[PDB]
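Asks: Listed below, chain by chain, are the residues.
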Amino acid sequence: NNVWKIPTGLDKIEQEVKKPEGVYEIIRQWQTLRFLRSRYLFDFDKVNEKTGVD
Amino acid sequence: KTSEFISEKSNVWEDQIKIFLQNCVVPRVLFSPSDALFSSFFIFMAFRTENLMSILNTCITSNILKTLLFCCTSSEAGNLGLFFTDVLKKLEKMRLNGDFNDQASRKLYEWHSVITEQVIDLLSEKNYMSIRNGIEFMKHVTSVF
Amino acid sequence: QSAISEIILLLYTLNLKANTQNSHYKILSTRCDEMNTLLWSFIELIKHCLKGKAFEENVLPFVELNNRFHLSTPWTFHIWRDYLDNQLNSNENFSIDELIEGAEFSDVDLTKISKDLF
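Protein chains in written order, with the numbering used here: chain A, 2 to 55; chain B, 2 to 146; chain C, 177 to 294.
Any given hint could be a false lead.
[What the hints assert, rightly or not] The list that follows gives simulated cross-link-like pairs (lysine-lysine, BS3-like), each with its CA atoms no further than 25 angstroms apart: (1) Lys91(B) <-> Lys10(B); (2) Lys6(A) <-> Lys193(C); (3) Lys193(C) <-> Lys13(A); (4) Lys20(A) <-> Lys91(B).
Calculated from the structure, these hints are not laboratory results.
Isolated chain A, as found in the complex:
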């Protein structure tokens, strides 16, 4: 009964994502890079195995 009480519908899968823009203050760098690969690719030389140079 529990697993059949879960609400299923098109209105619930929307779960809108986070906008590409990321504000400026080894997995965290990986995630931030995966997310920024689309917007600002050519500003990538600054990474160089270090903290994200903003």
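Start from chain A and add chains B and C according to the hints.
Replies: For chains B and C alone, coordinates are given in the frame of chain A:
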């Protein structure tokens, strides 16, 4: 029919040379292999020699390969490796066909040196991701080097 | 019970939440890639079995996919390119930029680029 289309389209057409790589060929290549092969084939047979050389020079240099091979997953690295194998095989066949001799010698050797430096640099890092990525990418590209 | 669109959207938006977890990278990369391959294979099955009008009936048409849910453009085209090419080739009545009209193309920034080339 498609080549007829691409004829007029090429009659039609750095900022564009930047955004093209940014939102059109890099997203397409990191997909399944067929998308990579197709980005390779469409890079040629769709542009003039001048603009083509400029685009390839803007992609090879500017130090994008090093990090972009850190970010992506394993299979995405394999796909990008297939794309570089295809583009370099075609470039080397074009060279060994003597068509490009005037100044393409120096520029081609500069490209080879810059790619060698980038791979040699990325292949030397402490993380596990960079090592596995570099290994897969070279396992694809070393066939024609 | 019309599960097709719900399942595709679920698989996609699940791989993202899998991307935002915390663990050893040696398992994170493999998990993300495994989910990606599963979604690709599911869509290959769907395109293999549902053809003609049943596809356009139960596969959530393009503009909604790209404007309401904000799918990344490569997946959108990976679904719709075969059907668009079929409707374009035989029925030469319609034309591209019309059968895909209205799409916001959100991450693209269509400024400073010819939509023809895109």
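Asks: Is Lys6(A) within 25 angstroms of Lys193(C), Cα to Cα?
Replies: 23 angstroms, holds
Asks: Is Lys20(A) within 25 angstroms of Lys91(B), Cα to Cα?
Replies: Distance of about 39 angstroms is beyond 25 angstroms: violated.
Asks: Below or equal to 25 angstroms on CA atoms is what counts here, so check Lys91(B) against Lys10(B).
Replies: 23 angstroms, holds
Asks: Tell me if the straight-line CA distance from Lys193(C) to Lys13(A) falls inside 25 angstroms.
Replies: 15 angstroms, holds
Hint compliance for this structure: hint 4 alone is broken.
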